[PDB]
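There are 6 protein chains.
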Amino acid sequence: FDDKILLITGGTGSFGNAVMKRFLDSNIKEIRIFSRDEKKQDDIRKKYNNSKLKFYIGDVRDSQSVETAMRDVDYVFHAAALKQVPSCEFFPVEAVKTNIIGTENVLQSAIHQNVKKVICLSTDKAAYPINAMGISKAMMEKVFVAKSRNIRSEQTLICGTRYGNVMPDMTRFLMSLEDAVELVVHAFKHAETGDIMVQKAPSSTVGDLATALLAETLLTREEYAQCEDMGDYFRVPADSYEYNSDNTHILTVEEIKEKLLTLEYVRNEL
Amino acid sequence: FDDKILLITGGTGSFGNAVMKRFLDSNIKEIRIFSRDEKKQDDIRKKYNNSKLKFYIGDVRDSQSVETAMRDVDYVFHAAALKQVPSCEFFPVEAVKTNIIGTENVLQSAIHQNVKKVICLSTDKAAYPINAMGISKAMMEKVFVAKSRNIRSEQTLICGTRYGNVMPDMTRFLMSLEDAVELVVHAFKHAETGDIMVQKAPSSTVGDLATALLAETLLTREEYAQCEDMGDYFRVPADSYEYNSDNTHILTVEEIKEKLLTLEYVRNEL
Amino acid sequence: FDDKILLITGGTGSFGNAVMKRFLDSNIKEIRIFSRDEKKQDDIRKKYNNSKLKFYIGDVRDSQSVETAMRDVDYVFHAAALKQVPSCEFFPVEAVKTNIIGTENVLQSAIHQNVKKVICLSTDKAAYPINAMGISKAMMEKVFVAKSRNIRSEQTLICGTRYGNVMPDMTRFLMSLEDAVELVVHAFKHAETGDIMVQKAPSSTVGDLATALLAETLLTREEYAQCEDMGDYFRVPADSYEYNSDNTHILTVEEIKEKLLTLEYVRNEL
Amino acid sequence: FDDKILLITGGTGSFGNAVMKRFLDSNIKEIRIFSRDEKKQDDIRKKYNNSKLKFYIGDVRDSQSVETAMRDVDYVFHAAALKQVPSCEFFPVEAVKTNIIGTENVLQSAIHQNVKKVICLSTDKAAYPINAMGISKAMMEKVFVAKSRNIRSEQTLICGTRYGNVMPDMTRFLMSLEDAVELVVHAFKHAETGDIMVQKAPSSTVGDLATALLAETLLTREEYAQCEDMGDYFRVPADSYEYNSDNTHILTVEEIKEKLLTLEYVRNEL
Amino acid sequence: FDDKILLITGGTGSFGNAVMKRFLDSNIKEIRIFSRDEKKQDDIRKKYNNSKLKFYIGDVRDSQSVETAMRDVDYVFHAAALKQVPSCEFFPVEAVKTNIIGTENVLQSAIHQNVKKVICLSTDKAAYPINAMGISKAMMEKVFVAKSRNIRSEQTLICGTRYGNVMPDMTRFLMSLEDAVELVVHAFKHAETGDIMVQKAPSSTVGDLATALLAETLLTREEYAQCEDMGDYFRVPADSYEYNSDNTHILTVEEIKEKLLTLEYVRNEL
Amino acid sequence: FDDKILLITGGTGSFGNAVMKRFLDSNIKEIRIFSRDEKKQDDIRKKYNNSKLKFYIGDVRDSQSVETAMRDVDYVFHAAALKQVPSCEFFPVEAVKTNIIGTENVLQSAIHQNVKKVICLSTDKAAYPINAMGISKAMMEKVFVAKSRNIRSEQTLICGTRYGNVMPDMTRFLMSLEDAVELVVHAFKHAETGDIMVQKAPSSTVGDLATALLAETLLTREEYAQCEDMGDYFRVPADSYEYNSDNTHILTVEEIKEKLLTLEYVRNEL
Ligand SMILES: NC(=O)c1ccc[n+]([C@@H]2O[C@H](COP(=O)([O-])OP(=O)(O)OC[C@H]3O[C@@H](n4cnc5c(N)ncnc54)[C@H](OP(=O)(O)O)[C@@H]3O)[C@@H](O)[C@H]2O)c1
Ligand SMILES: NC(=O)c1ccc[n+]([C@@H]2O[C@H](COP(=O)([O-])OP(=O)(O)OC[C@H]3O[C@@H](n4cnc5c(N)ncnc54)[C@H](OP(=O)(O)O)[C@@H]3O)[C@@H](O)[C@H]2O)c1
Ligand SMILES: NC(=O)c1ccc[n+]([C@@H]2O[C@H](COP(=O)([O-])OP(=O)(O)OC[C@H]3O[C@@H](n4cnc5c(N)ncnc54)[C@H](OP(=O)(O)O)[C@@H]3O)[C@@H](O)[C@H]2O)c1
Ligand SMILES: NC(=O)c1ccc[n+]([C@@H]2O[C@H](COP(=O)([O-])OP(=O)(O)OC[C@H]3O[C@@H](n4cnc5c(N)ncnc54)[C@H](OP(=O)(O)O)[C@@H]3O)[C@@H](O)[C@H]2O)c1
Ligand SMILES: NC(=O)c1ccc[n+]([C@@H]2O[C@H](COP(=O)([O-])OP(=O)(O)OC[C@H]3O[C@@H](n4cnc5c(N)ncnc54)[C@H](OP(=O)(O)O)[C@@H]3O)[C@@H](O)[C@H]2O)c1
Ligand SMILES: NC(=O)c1ccc[n+]([C@@H]2O[C@H](COP(=O)([O-])OP(=O)(O)OC[C@H]3O[C@@H](n4cnc5c(N)ncnc54)[C@H](OP(=O)(O)O)[C@@H]3O)[C@@H](O)[C@H]2O)c1
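Chains as they are written, first to last, in the entry's author numbering: chain A, 2 to 168, 193 to 239, 260 to 285, 305 to 334; chain B, 2 to 168, 193 to 239, 260 to 285, 305 to 334; chain C, 2 to 168, 193 to 239, 260 to 285, 305 to 334; chain D, 2 to 168, 193 to 239, 260 to 285, 305 to 334; chain E, 2 to 168, 193 to 239, 260 to 285, 305 to 334; chain F, 2 to 168, 193 to 239, 260 to 285, 305 to 334.
Rather than coming from a laboratory, the hints here were simulated on the basis of the structure.
Please note that a few of the clues may not be correct.
Same chains, same label: a pair holds when it works inside one copy or across any pair of copies.
[To be verified] Taking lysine-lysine pairs in the BS3-like style, the calculated list, with each CA pair at most 30 Å apart, reads:
(1) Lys321 - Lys117
(2) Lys323 - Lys30
(3) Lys321 - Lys40
(4) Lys323 - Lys40
Extracted from the complex, chain A is given alone in its bound form:
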């Protein structure tokens, strides 16, 4: 990060911001926020009042606007997506345009600009997808994986990261926004080209959650078979029973309540 330039596509999102407040008071050269929305960008600019933040208008659908932003960049965190389920169900083609083709553009541009590392953000919904958001995401995973095979890593390294949700008796994964940034920083440092990184996470029942108030699949069977264990993460390396919310360290109110406390968002009656 000594004089290094980071580009975050979809930089104005929940995640882009979390990577920001993290990376900012650091000694990285420049953090390029790249997205469509001048309003969110304007809100970010004013508050942080920090010169390392560069704002780029553009969208991942358009190769020429990606290139401009991509010039002389070292690391890309590709977070730009259509990520809501109904919006993708009614407009699957838009899901395609952004999630899949948007990713081809980011990758081609990255390679052309001799970017060192690209990390594509993905979702547990891509593991056995049933909805268009998840499906398009699965397809984005295959896309970056195929690209990684063809590209020498010392030129450009290309990897991805699935996560479940951040921030009645059935179960769901528990990740904070702080936890999400971690997975990516982890991928940055340790991923080899083609890898999908997934964070090991506690997974509360949705019923026991609502009490602390005063099944999600992260790896397909086949992915768990092929994978590699890194401690708090599995690593699915590119080729050439299952990891889900019902079978990690499941928690009860006693623990559900504690993790909540740390969300600087939830602890708000001040």
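Since the structure of chain A is already known, use the hints to place chains B, C, D, E and F with the ligands on it.
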């Protein structure tokens, strides 16, 4: 089919040909075979020696070549795909270009030409896909489904059909090529706009198959929940445990051998 | 508005929302909100809880996504723009892509769908522009004006509306958001094809404004020459000293304070 | 100009030719004339009978034809435009395609080919534009200015030049074609990346002109504020009362007549 | 021609003008001149001073600019081409873009606008072509011919016209500009969809020509075989020894001199 | 061929395969087969069972799929075409898309990837073409020839090869598939940039052929004039009576029968 024109995209395939030998000696006006390959087209033309067969060079990636072929058509059987697994795994983007965007083009063109019915051919691999072929297919299903919502049916009716394979102890579905045409003819007649039709099929263990020589999922849990039963077919209608090869009428050698006999292909030592 | 369908491109904006809360409890058939951002769209959907609101994902840069949304629409309020000054100064091409070409797409699509009336929202900055936002806006005005000449009005009527800002001794125009909707409703009813409508508005000095706390050009000289007076609006009809903030009814604290009161936004210490 | 290659887009114009007869008997390597019209190109080729002149068919709307011409070029004088007022008023989009997007293509191609300097020819009409020609030109100025910020100058230097007209009591600027080439040669040598250069020019009243037979704005107020004085030129450098024809050295018949004499065009009754 | 609208693409050319001075003092509704060059268009506009002449900026490479011009047109004379030999030899792709794809655009647009008749101007060089101009022209002939098969004539009729040159012992065809317009008017009236019309023309030796100062192939062998004779024209109708300058009525000085006289161009020492 | 990579576009064809069985048991690094059809590719893969064979899905119409395949390639044999006559006659535009534009893409991509040599396969039908296949081929020849002028050879060398047919009294050329590979290997080694190579070949009468069972033009007059003789080949170098089947070594049954024998295809009653 009185003076009706049928267009088959990917008309030169295993299926296109099966629909052909079926529909030909009929009284349909014209059967438009639309595909990329002049060689296969040439082989078809010579043999059948039948005036109702019209050959169109074009590909589904290209809207202008679709339109030409689409002019004054009544029914489309959309069979054009990249359907092999490794080829889609190494070239997912091509899978996207053909399977998903190819389908947007066919649909837009169909609608513009006031086509009456479009049937998109799909695959059991689209149900909980893990591979890019299947994934892109799943995405194609969402695409035609989304399009069907926005389009009045009396303008253009849009439906699809999944099938397993045609022609060690684990199980797999058994459909002939004759069985495959049936499913489509069925969809033609009875599908409402947005439907996915799936044929009920016997499903032998792969081990007991190889003996007659002298798990596949067709519906996701959620799809089986929502579906409607038509006898030899389920119907999944558009919104706004599972049906698989391990739990249909499973067969043993006695029955496996008999079905084989009818394949005009297998019974060949003449 | 009896069974009439309205489409608002950039429907998620300050203005789109103002037109919404206005048109909603009415008897219009359907109000299509068309924009890029699923998050804003999601926030709107939840709150209003109103069936006439239809949400369309798409962007004006893309003709195919415009068409989908444009199907069977009667009236379009074209509000989609890159409207901040610095963002347009650093990324003029994006300004071009959205403000000018976005507008060609909306117009072509409108015409093709036999839309009855399209209203393009514009800005005082388009009158003698010096910045890229204003310049691109000026260009958008010429674009819709040129299109209006070529199109019979009984097919599709095409007009636009400039306004100054809504919501030290130099002067600036004073329009509320309520005032802005008015101008558009006015254009809807009374504009002929090609017209630019501009609202007559009081124009306080920025110095006397900040006191009530307890030059903008709307028409170029040449435009004032050619224009037509409608009472609270000027009408600039298509061809084949100046109207500015220093010379309307200028106001002092006594009046500045009163208009403020009505902004349901400013009167907030509750 | 020792073995240097110059490309003139719109090379067949009034200006392209003036730069030609100037640069020709020099020792520059090659002067590439790039334009759409084979007829004008053919007329030029025949007459000059000079090997340094290379003729390229292409147009600035098309990136692939720009690249071909752009290969191994050192300096570009970008003169290709739709420059007549009514033609731009009726066909603003064409104005956009050529003047603005044509310029993005030329710039991108220039950069890719590691061109040393690009000079975009502009017009006084871009200063407070009211017409589409002027507006599109203003937009072209912002476009090249934005591009210059993002590009290191030692890679590719990007600048522009406004001029009034060349060759009843109100006033207008007086530049010859010889004067116009000068401004560009000046920009070539002295412009820094992002600069707009404007020539200081005498400005006769149109009434006193017609007698020698035997208001134009070059800088907006704001541009005059920010500018830098170079003697016979102002320099407007890129960010991060007015200069007009009514207030330069205005001339009377005595001087109007003399300047005329030098136009090798006007002195023609031979 | 009662209230009929004619569009001439490449309307600013030698031919466009000849069709103009012909059709003008008539009672046709509107003659749309469509081309790239505002300068030629401006020169035409001023001189003829005639309201039936409408000037359209656009180029045939661009479908959207064709459509605008094509709206409500009855007859198209497609004369837009890259027609010089060396320019096509060095830039064959441009030849392709204009001559072949330009023609696909004109045809598609014509059909969409329910144009009654389109006439594509072609050249003797398309008969056994050896150069890129001729080759691209040959290809344009096949293109319009293929399109004519697929299109019902009562919708849109599509035909073409080859001619040799207008205005040492080897031979060449002799057509005036007046003769060229004739061939087209002839095609307009009598061509069936798919026809190539060729004018029968006297063909002087180039040696005997230069004396009156005080081999070209129009039909390939195969084309002469298939053709139909109409008096002063052959008609080559669409499928599903040779006609050349060495064997028409060849002329000697006595006749060469006389035909010359009529060229209002040659008889100029006044 | 020491660690050299060969790409064959249209690699699945009659020719692609002939170049394969030739080059395979060699010591070349990698032979990239690039084409549209996964089925043919799959058939090739299985049989040869040889690691040097790499299979790429893509088509020449699409630049992005060409680039992927083109990365780090040393030699390209461009064999991808629409080569049947009727298919090109009915769909000339497809002929254009593949044969001409497909070739521009392959060339641009080749150059960008710093490919050493590209050989475009052509046909005797391009010499005085009368059909769209031949015409489009002629145009492809001009296209690669034009490109070769603009490109330094030490960067990328670009050449082509015409051949007649491989494998009543009128005559036709006789080349085997083995003969066809030869011509290309010859071009590989000896062609200079811009050359068209043509093989000297015996040319039997079609009547005397059918007896051994127990006019084609390769160079236009003008091409024979300009050409250079290399023994068993003519070489047509780029600029800045005829060679045909009726006048090579014509053969009678005695020789016709013998050449046949060697076709490992014809000698099949085993
Ligand atoms: N619950 C979760 O947070 C969660 C769970 C699993 C996976 N993920 C994955 O993590 C990634 C980012 O998540 P998030 O929490 O940051 O979502 P988010 O807050 O909605 O951020 C997405 C950002 O993408 C931008 N964007 C959308 N389309 C774009 C385009 N075409 N070009 C450029 N930018 C575009 C949007 O900015 P503009 O509107 O300004 O363009 C938005 O700020 C997603 O890909 C998602 O699949 C998230
Ligand atoms: N085992 C099975 O047969 C099976 C099982 C499940 C589902 N399905 C589904 O049924 C459909 C058709 O199956 P099939 O047995 O006919 O496969 P197939 O025999 O490979 O037929 C596919 C045809 O599509 C054509 N095609 C490919 N890309 C095209 C493009 N871009 N434009 C136009 N045509 C194109 C090909 O013809 P050209 O090469 O001539 O263009 C080919 O003949 C597929 O979508 C598949 O997913 C099949
Ligand atoms: N101060 C003012 O309010 C003011 C003054 C003068 C003139 N105007 C004019 O009035 C118009 C609208 O003003 P506003 O107050 O509503 O601004 P706004 O609140 O920023 O609304 C603009 C909307 O456009 C949408 N949008 C942007 N790019 C788009 C694209 N490519 N496709 C589809 N939608 C897109 C955005 O939604 P998504 O991000 O969801 O796509 C945004 O909600 C503007 O054109 C402006 O020039 C406004
Ligand atoms: N009165 C003046 O002369 C004056 C005053 C102020 C500013 N300027 C500026 O100076 C510049 C050039 O002026 P000028 O006097 O040379 O005008 P001009 O004589 O009309 O020259 C413009 C040239 O541009 C070429 N062109 C147009 N569109 C093109 C395209 N898409 N691709 C490639 N070439 C194209 C035309 O050549 P083809 O038709 O052969 O393509 C034409 O020869 C203009 O940008 C103008 O704004 C001129
Ligand atoms: N000697 C002859 O005259 C002769 C002989 C045989 C055949 N022909 C055929 O007759 C046709 C016309 O001949 P002509 O004598 O009129 O040639 P011309 O005088 O050069 O006319 C061609 C016109 O086409 C226009 N043009 C070129 N590219 C264009 C584009 N992309 N979009 C729109 N317009 C375009 C040009 O106008 P702008 O520059 O204003 O766009 C030009 O005025 C040609 O197709 C030619 O093959 C002519
Ligand atoms: N009789 C002859 O053999 C003969 C005579 C004279 C000249 N030639 C020339 O030699 C060349 C090759 O001849 P051939 O005998 O190999 O013909 P072929 O056997 O038909 O081979 C052509 C190959 O091109 C591929 N192809 C077609 N369109 C493509 C596209 N858009 N992208 C990528 N690949 C594409 C096809 O593969 P997919 O279907 O898998 O894409 C096909 O295997 C041709 O250009 C032809 O003009 C041949």
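For each hint, the structure was consulted:
In the homo-oligomer, the alpha carbons of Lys321 and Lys117 never lie at most 30 Å apart, since the shortest distance is 41 Å inside one protomer and 57 Å across protomers. For the homomeric pair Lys323 and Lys30, neither the shortest alpha-carbon distance inside one copy (34 Å) nor that between copies (47 Å) is at most 30 Å. For the identical chains of this complex, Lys321 and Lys40 are inter-copy neighbours only, at 28 Å across copies versus 35 Å inside a copy, given an alpha-carbon limit of 30 Å. For a Cα distance limit of 30 Å, the shortest separation of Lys323 from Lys40 across copies, 26 Å, qualifies, whereas the shortest one inside one copy, 33 Å, does not.
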